[PDB]
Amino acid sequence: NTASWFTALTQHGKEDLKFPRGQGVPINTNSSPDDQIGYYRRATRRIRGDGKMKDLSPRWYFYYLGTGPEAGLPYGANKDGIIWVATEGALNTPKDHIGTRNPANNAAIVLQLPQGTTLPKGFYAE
């Protein structure tokens, strides 16, 4: 059971996540400028109040390029629930030296975005 190294971004709007070119990568003090590349993956949740199945807000999780449930996807690949972000100067290489997070060892880092980053409408962390 792997997980993301960060906490999710919650979606209240009706449009998918979409960062502008150059921003969207979570801050990580252990990574290098070469690693600032990856993708957000949407995860939907449904529960049972008495109207059978209820649809909750989807949450988006970030995974470094070459890691996570779509580790084999190349940067830019079009897939529902996947959006791509990168910081200029990042290498288009897989980041298998970072990998994914094991919850039984490390806890999720609080996702923080760089100064000046713009989140789309209806997107908030925690």
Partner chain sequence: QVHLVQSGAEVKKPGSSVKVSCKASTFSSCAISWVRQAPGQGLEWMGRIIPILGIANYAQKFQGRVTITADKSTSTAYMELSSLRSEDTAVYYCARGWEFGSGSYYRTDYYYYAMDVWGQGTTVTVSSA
The other form holds:
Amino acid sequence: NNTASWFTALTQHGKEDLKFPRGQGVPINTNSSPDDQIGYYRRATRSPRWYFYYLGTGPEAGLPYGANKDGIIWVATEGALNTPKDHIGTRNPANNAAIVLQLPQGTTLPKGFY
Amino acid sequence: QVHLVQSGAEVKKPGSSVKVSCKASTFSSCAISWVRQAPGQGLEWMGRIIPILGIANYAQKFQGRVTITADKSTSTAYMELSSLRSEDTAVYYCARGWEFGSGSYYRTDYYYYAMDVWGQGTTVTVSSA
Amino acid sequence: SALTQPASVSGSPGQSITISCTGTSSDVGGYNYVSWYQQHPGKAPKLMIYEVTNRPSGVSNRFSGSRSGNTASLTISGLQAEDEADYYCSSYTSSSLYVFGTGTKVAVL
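Given the form deposited without the partner chain above, what does the protein look like in the form deposited with the partner chain bound?
After this comes the whole thing, all chains and molecules, with the earlier chain placed first.
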């Protein structure tokens, strides 16, 4: 319970599975440099929920960008360097609080999300 | 648009070698691959090369007699196939691609691990008569 | 590894058909780098699909890609006689290589 996602949950009220066209779907962080803005989404084990983790961190830190696994969908920004994002790591709820999902400006809004 | 030219047709005998070229009309971090196709048969991937790095990966079926090399200064890449035999009669292609691997991203929309441009096609035949 | 493809494919022109491309867990169902190529008889291969679904610019939306399990499927819609050519699938491998399919030749009635 010492490890968590930096971002809030994305509850899925609809029946349609979550999807994102290329580029969109990456929450924005002012602390993050344009190189660091690269990671994945993991479906919450136990409605389904999705958590964003940076590349090389989180429950699937060992997966390289582009792997196929059910529950894992990959997103990345432009100019994002392919490195382990160890300098961001994950979130400790004891020392830091969860950050509201920071969607980019005028992004896609699939069914069920307002 | 970037196109690829190659070395002309060749007619060699078994036991000798062959060195084809593949010139591009970007030779930075480019995955250059050579593919084969026996007449009436399917495609068969052979090798890869990143020129500025020099690391070349080969398919295990061809690992041992094919060799891929790059000339980054001239923007040309060579391929050296030795120990030629009858079953190696096929049409040989070269193609330029891009791979992400451990480099920086570019909204260039590079098509990663897919070869987007192809050469015209070099026909290598080996005979006895 | 090995990539299994249907040898031949055909249908009434103007219609659509799904062409399969099967492999193992570490070449098609492990990575998202499945590709598709067209090769006219006598002409060099040409690209239509680079990522599993992504289509390069200058290619009509009549071509679209998809993947299920370890079996990707190419779906040509509104097939014309101008598409008469070979169709091959390729994908990245955990061995950091490329593997092609056995080949699917086409014919329009």
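Residue numbers count along the first chain shown, from 1. Only residues modelled in both forms are compared. Between two forms, the rigid core is the largest collection of C-alphas that superpose within 1.5 Å.
Quiz item: Against the rigid core, is the Cα displacement of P103 between the two forms at least 2 Å?
Solution: Superposed on the core, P103 moves its C-alpha less than 2 Å between the two forms.
Quiz prompt | Displaced residue check between the two forms: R21, CA, 2 Å or over, core reference | solution = After core superposition, the C-alpha of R21 moves less than 2 Å between the two forms.
Quiz item: Keeping the rigid core fixed, what distance in angstrom separates the two C-alpha positions of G66 between the two forms?
Solution: With the rigid core fitted, the alpha carbon of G66 is displaced 0.5 Å between the two forms.
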